[PDB]
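Just the one chain here, the form deposited in one PDB entry, laid out as structure tokens.
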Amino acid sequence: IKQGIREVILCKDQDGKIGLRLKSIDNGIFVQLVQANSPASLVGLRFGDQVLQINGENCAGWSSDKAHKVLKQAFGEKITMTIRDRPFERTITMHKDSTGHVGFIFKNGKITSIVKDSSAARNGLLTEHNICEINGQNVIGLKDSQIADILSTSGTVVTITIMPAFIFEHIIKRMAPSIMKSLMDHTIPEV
């Protein structure tokens, strides 16, 4: 998680889309969904990122509807956005033990217990937190077994990005699980 504000420049695709849905939270605007293979993914927007400005105008106080409308009405040749990086999230680095475990239990992507004497215990992983990313890869909407599988196929060093569940549950309201599973970018970013 970068302690930064960064500028991104976007271009609507040939369908006039950027591949973004946005959500009003605490009088800011946050990214609720980034579509795979979209202008938003390509420029590196992530679930939970805060949008500070669009085209030099402050997003403060905007409703979700107003943010969507602003994007629709932008001359989509060059849209500038000022982003603060995933401000409700934190990243925790763990090491798999000899048995290949880091030491927690989760359910519906939410961490529910920390295993004694684990790497998770040593690094202070918290319960009541939703898993947003593993090793920089968005895992939101994937099944527990797929998240398990990613953890298995990772190396020893496992980086997890988490968000307090009450904030996660606020961000994802009015978005169908099937959309999150099917449409949220789960790819590794391209170079």
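Residue numbers count along the first chain shown, from 1. Compared with the form deposited in another entry:
- The hinge between the rigid parts that move between the two forms is at 89; the other choices in 89, 111, 52, 74 are more than 12 positions from any hinge.
- Two rigid parts move between the two forms, and the turn of the smaller against the larger, rounded to whole degrees, is 31°.
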Given for the second form:
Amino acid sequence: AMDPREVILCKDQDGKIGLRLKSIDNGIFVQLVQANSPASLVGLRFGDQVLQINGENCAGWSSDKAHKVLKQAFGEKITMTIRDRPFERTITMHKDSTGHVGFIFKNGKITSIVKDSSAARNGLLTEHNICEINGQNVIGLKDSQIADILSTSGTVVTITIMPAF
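In place of the form deposited in one PDB entry, the structure of the form deposited in another entry is requested.
Left out here are the partners and the other molecules; the chain alone remains.
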């Protein structure tokens, strides 16, 4: 759907980028993006795949290797080839009489499925992070804020999710 795209960025005054990368299946993934950082400024998100760092393929790099590669890098014009959230998946649920789609969450992660709900009928999975509800990003938000977003939404609740890491 989205072919890998190019991203260029600079280390901040403190020498940081705002990224925390995770090694999954001989590929590198964005595990954390600090707010108001170079990573967030260029559009990096939790779930994005880092294919290349400075023209070098990241295939089979350990997490510590990726972090050290970024540490040693020249603080200016750090390039990257990103593959937008490969494990992302969309699921549409419907609110019941009581105004709920039927699942429990903790730190933005789905923890349980309520019996006879839209989450149960649609097959929502547990141990999945909620990325976006009806278009707005919910990563980094407080649980109370996700709950507020869910109540202001209409009957049709379309969420994007991905396996947790």
